[PDB]
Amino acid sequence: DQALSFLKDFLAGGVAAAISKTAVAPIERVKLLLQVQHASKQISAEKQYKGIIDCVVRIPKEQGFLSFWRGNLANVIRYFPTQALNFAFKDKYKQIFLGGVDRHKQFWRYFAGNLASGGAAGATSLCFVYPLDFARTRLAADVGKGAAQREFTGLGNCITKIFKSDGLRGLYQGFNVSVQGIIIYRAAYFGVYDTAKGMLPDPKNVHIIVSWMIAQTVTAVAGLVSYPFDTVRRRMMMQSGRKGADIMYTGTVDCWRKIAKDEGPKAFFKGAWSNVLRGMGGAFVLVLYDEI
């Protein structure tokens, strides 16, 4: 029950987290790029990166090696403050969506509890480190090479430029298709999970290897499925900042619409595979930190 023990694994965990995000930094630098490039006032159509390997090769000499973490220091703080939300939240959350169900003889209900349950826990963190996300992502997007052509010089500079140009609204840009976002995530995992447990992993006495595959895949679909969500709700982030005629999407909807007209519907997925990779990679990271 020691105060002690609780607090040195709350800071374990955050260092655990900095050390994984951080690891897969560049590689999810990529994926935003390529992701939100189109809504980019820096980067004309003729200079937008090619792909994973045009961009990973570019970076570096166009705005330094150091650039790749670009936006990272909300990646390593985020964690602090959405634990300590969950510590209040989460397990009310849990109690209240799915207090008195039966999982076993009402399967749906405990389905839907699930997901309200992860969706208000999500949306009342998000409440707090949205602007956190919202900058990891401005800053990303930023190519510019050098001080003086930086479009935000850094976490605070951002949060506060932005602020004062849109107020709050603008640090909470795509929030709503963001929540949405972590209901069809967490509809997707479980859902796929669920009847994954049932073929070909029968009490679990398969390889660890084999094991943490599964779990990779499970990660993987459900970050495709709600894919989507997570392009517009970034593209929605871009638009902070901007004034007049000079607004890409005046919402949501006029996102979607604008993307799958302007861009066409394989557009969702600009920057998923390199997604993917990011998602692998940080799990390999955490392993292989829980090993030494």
Second form
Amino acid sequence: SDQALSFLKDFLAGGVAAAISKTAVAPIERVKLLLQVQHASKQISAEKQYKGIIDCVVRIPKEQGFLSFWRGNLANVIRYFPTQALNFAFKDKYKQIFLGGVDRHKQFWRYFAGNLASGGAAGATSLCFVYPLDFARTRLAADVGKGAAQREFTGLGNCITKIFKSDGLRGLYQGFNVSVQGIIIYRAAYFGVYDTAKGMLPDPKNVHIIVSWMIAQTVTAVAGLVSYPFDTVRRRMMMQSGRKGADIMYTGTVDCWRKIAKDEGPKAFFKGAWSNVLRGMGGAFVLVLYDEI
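Follow the form deposited in one PDB entry with the form deposited in another entry, if you could.
A single chain, with no partners or molecules, comes next.
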């Protein structure tokens, strides 16, 4: 060996691992979505909206079947491979266009900005292609329907083809913009918090290693909380595609930040935020157990 098809078995493993953690936490990921976008559903009346996580998981199995926890999951397992291909293709290029020729230690802010753009551009590129999967994934999760007769979509494939035959690609991509704003916010917080933090803590390796994990998670959760409102409006807009007239609670991104803060208050933006913290730590934790011989 020295060129034994090495580069791709990682790819397979990397995707197989991704599939496993996503599927493991798919149940809580669905509860977080429901709580997040239920207030804007055609199915969930006001007298069906869940009181929280427990209320939700205690009711879902009975309402739609135990397997419904995995409703919309398929897209989670797919997305990995197509996304990854696109990174091998642009991520590096973006790094050099924006971070090229700048020394992180002698230009902190020019590195902060360049790195945002670097991640912002790449994210926008990948989204551009797999966004639809996130769309379907989110639409299906919100499908609180019971039988295939009280179900908005009979699946991912249908969900895609349906909305399209209803709004072309425009429907399938609602929330795009704000999700791109969100990504930059996520990244600014992720790093912003890791820089201030790297100093407030002992970097001489002296800090067990497991404590190092819990802090990485801590940082992933903080970053995820700061950009959560953006995720919230993003999802709320996805909900609209296909809903021709009447119920249209939102018309545009601004129309969304608007209605919410008004009708739902200053926090509706964080509906599912805690659930999303659990989903994230749970996932990172699954990747831990996964590393078995």
